[PDB]
Amino acid sequence: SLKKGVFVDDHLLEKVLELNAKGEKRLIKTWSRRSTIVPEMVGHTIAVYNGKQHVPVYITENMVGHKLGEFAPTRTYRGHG
Amino acid sequence: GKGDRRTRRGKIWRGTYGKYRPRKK
Amino acid sequence: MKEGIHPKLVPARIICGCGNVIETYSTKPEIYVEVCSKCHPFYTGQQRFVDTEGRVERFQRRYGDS
Amino acid sequence: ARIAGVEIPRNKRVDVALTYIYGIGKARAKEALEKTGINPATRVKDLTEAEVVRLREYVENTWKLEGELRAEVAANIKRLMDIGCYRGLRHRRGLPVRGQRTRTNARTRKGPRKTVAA
Amino acid sequence: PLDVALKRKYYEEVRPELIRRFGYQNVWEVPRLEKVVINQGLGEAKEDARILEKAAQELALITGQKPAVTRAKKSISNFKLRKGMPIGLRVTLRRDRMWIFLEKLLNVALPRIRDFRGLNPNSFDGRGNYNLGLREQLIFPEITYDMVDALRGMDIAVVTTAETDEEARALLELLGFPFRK
RNA sequence: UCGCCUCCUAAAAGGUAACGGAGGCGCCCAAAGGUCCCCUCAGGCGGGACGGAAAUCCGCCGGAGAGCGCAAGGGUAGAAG
RNA sequence: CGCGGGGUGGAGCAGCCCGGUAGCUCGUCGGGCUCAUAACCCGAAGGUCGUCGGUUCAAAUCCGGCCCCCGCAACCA
RNA sequence: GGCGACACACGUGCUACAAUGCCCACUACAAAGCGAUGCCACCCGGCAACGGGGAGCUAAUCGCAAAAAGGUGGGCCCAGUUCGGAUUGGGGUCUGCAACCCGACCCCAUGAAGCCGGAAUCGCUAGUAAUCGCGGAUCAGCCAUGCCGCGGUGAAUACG
Ligand SMILES: [Mg+2]
Ligand SMILES: [Mg+2]
Ligand SMILES: [Mg+2]
Ligand SMILES: [Mg+2]
Ligand SMILES: [Mg+2]
Ligand SMILES: [Mg+2]
Ligand SMILES: [Mg+2]
Ligand SMILES: [Mg+2]
Ligand SMILES: [Mg+2]
Ligand SMILES: [Mg+2]
Ligand SMILES: [Mg+2]
Ligand SMILES: [Mg+2]
Ligand SMILES: [Mg+2]
Ligand SMILES: [Mg+2]
Ligand SMILES: [Mg+2]
Ligand SMILES: [Mg+2]
Ligand SMILES: [Mg+2]
Ligand SMILES: [Mg+2]
Ligand SMILES: [Mg+2]
Ligand SMILES: [Mg+2]
Ligand SMILES: [Mg+2]
Ligand SMILES: [Mg+2]
Ligand SMILES: [Mg+2]
Ligand SMILES: [Mg+2]
Ligand SMILES: [Mg+2]
Ligand SMILES: [Mg+2]
Ligand SMILES: [Mg+2]
Ligand SMILES: [Mg+2]
Ligand SMILES: [Mg+2]
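Residue numbers (the deposited numbering), protein chains in the order written: chain AI, 4 to 84; chain 1F, 2 to 26; chain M8, 1 to 66; chain 4I, 2 to 119; chain 41, 2 to 182.
Hints listed in this document are in silico derivations from the structure and should not be mistaken for laboratory results. Built from N, CA and C at the ideal position, the CB exists for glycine as well. Check before you lean on any hint, since a few could be wrong.
Stated by the list, open to error - Residues of chain 41 placed beyond 10 Å of chain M8 at every Cβ, according to the derived structure:
1. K67
2. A73
3. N108
Claimed, not checked - Dumping the calculated DSSO-like pairs for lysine-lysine here, alpha-carbon to alpha-carbon at most 27 Å:
4. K2 (chain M8) <-> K182 (chain 41)
5. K65 (chain 4I) <-> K20 (chain 1F)
6. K65 (chain 4I) <-> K31 (chain 4I)
Using the sequences provided together with the hints, build the complete structure.
Next comes the structure, spelled out in structure tokens:
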């Protein structure tokens, strides 16, 4: 962890803070999975990238301290046989 | 034993210091 | 009640995290009750002590100061 | 005698028998012993029904214990699952949640091995 | 004994509250509380009926009545069970002795249950009697914890002269039955 | 296949045939007997720890669909259970 | 059509009488020995008993139908 | 992003299954190497990791540093346990642009398998094998239990 910290990339942090006071909210693709999420991210739809493609993720209040790459997993599985 | 980080021996093994292996001398 | 075959059920005294229940009237007089809820610790007469829900409560708090 | 929940420890020691309670041990134990100023070297067999309620009232009230504790850890994980998060998937699928390596022994979290052909 | 605090409590302050609430032309129409039947089913003791009489000894201790023994209606394969054998104890208490036990249950037993965020309020049987069941017997005062060889719970059934659950609910609430709302 | 019991055939008394249609008996029970006293089912729905379609319990509905050692039939709780 | 026997893990056979309990050899799977394979050794998996009905508390097991298998018979004409 | 995937299968290892043992306290005896873009005594803060401060050293001259087992004292009393610390919950520290995937470390909680291991199979003949700690290279940090080395204590047994 960090603490004197709580790092979030500013690429999107613009468009987030902007989609609060604009009056409009819509679909935003980012590569930044290293960042943390919320508070002003909530209600917003963000497309993260797993290395393959941009994945939509709905954002709510219990997703708080979690990095963005948590809700966009990097692998494909479905078991073995 | 050497694997319990909650003891003197554990700490020594892992090479660390703490409540169970204070740095003092 | 058939005469024979029976616990006594004689007036008693009894205790808890509270004072007495003079009521008693049981077998085996003078018993020690560990703690009750009624007598109002532990749930009834809601203490709500130690209280939870702090998990959504926290992550939204330590967060935007940092 | 019994502390929070039912959980009756006995004989042994007082500081040791306290561990047998869920949510408690070592540190939390030797803590509540001088916080009630009770001798830890003593055996739970014998001690004043006073310092018993001294000792119970403290612990039961200080921090949360076996019943409501486990219920909370249960709820933490439920939260971690179904939020959809990656910590939560490895709970869903019963696989190890913090790093490690699944190509070989995850056995504690994986169950016993269930073999197949080559 | 005919005194018994809960009995008393029922007459002064439970009855009248009840009449104020639903309102009742007749003294009888206001619910009485009849029959708490305590039933232990034990498959546990099946081929061993020796274990049984220790459990019966136990009910007596907390009830003050010796229980009778239920024996198996029909014979059924999948879990053992000759149609002969004893399944469990069932003890009927009324009239004082129910009261002196329900008190003990309200003010001692149920408190001592691990967790217990309160009695389930859907177990009213729709014609207004209520049922619950318990996992361990050592939640009772008369039991010492060193006299338990093994855990066996029971089924408590409480019969009520109230025609509905609503009314029935009211009675037991007002008596002091902790409810999970 | 050969004696015995039950049902149909059998034509509303009895009886009535065919290498007609279908089943059973060659035992069993010292309690599964006598009597006096009591008790009343199967099923359905609701409720109750381990109890699940079904172990036990509580509530209501349930005129007999249960039970009557075993086949069927007649009978039967106002008992034969 | 007739009488007798049968049908059970992948293969081949027990178990059915006498209700409650599925076993044996081989094969298959995982490991070992060997440079390696075979042999050999240590472990494991694998079945609802042709099927539909009925009997019983309970059916591979007792009773009935049907479907296959094998065996015997079909003479005087 | 992946090389870190997990129904499984093998090699090399680490930690154990305890009483010749575990824990806490006090008390000793090494060697070899590293370090002034670093090693950091010492004072404070903090349970602690660590953080403030801050002196000495281009280093037989200051620092890493406590060696550990051992010793002494006391505790545990044969228990899946004061054994064993895998898994998981919450709280943090540091590096780093950044620790979701994938870091190491501290604390509270959690305490799993494990009661010496089937067929089989490895090393070692002496200051060796066991066992105990210590340093370095790479390196921001670290998944090191690895590897190259250093010393402490120190067996057994070879008919053939
Ligand atoms: Mg330990
Ligand atoms: Mg991994
Ligand atoms: Mg209801
Ligand atoms: Mg009623
Ligand atoms: Mg007829
Ligand atoms: Mg006629
Ligand atoms: Mg006629
Ligand atoms: Mg008689
Ligand atoms: Mg009935
Ligand atoms: Mg019924
Ligand atoms: Mg029911
Ligand atoms: Mg009939
Ligand atoms: Mg009949
Ligand atoms: Mg009939
Ligand atoms: Mg076969
Ligand atoms: Mg093989
Ligand atoms: Mg071979
Ligand atoms: Mg057949
Ligand atoms: Mg059947
Ligand atoms: Mg001739
Ligand atoms: Mg690799
Ligand atoms: Mg290793
Ligand atoms: Mg075990
Ligand atoms: Mg990662
Ligand atoms: Mg042992
Ligand atoms: Mg081994
Ligand atoms: Mg040599
Ligand atoms: Mg390094
Ligand atoms: Mg090292």
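Status of the hints after comparison with the structure:
Look at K67 (chain 41): its CB is around 5 Å from the nearest CB on chain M8, not clear of 10 Å, so calling it non-interface is violated. Chain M8 leaves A73 (chain 41) outside its interface by the beta-carbon criterion, the shortest separation being 24 Å against a cut-off of 10 Å. The non-interface label for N108 (chain 41) is inconsistent with chain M8: the shortest C-beta to C-beta separation is roughly 5 Å, within 10 Å. Restraint check for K2 (chain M8) and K182 (chain 41): the C-alpha separation of about 41 Å exceeds 27 Å, so the hint is violated.
Distance restraint check for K65 (chain 4I) and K20 (chain 1F): the Cα-Cα separation of roughly 24 Å lies within the 27 Å cut-off, and the hinted pair is therefore satisfied. For the hint pairing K65 (chain 4I) with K31 (chain 4I), the CA-to-CA distance comes to about 17 Å; that is within 27 Å, so the pair holds.
Consistency note: the structure conflicts with the earlier hints numbered 1, 3, 4.
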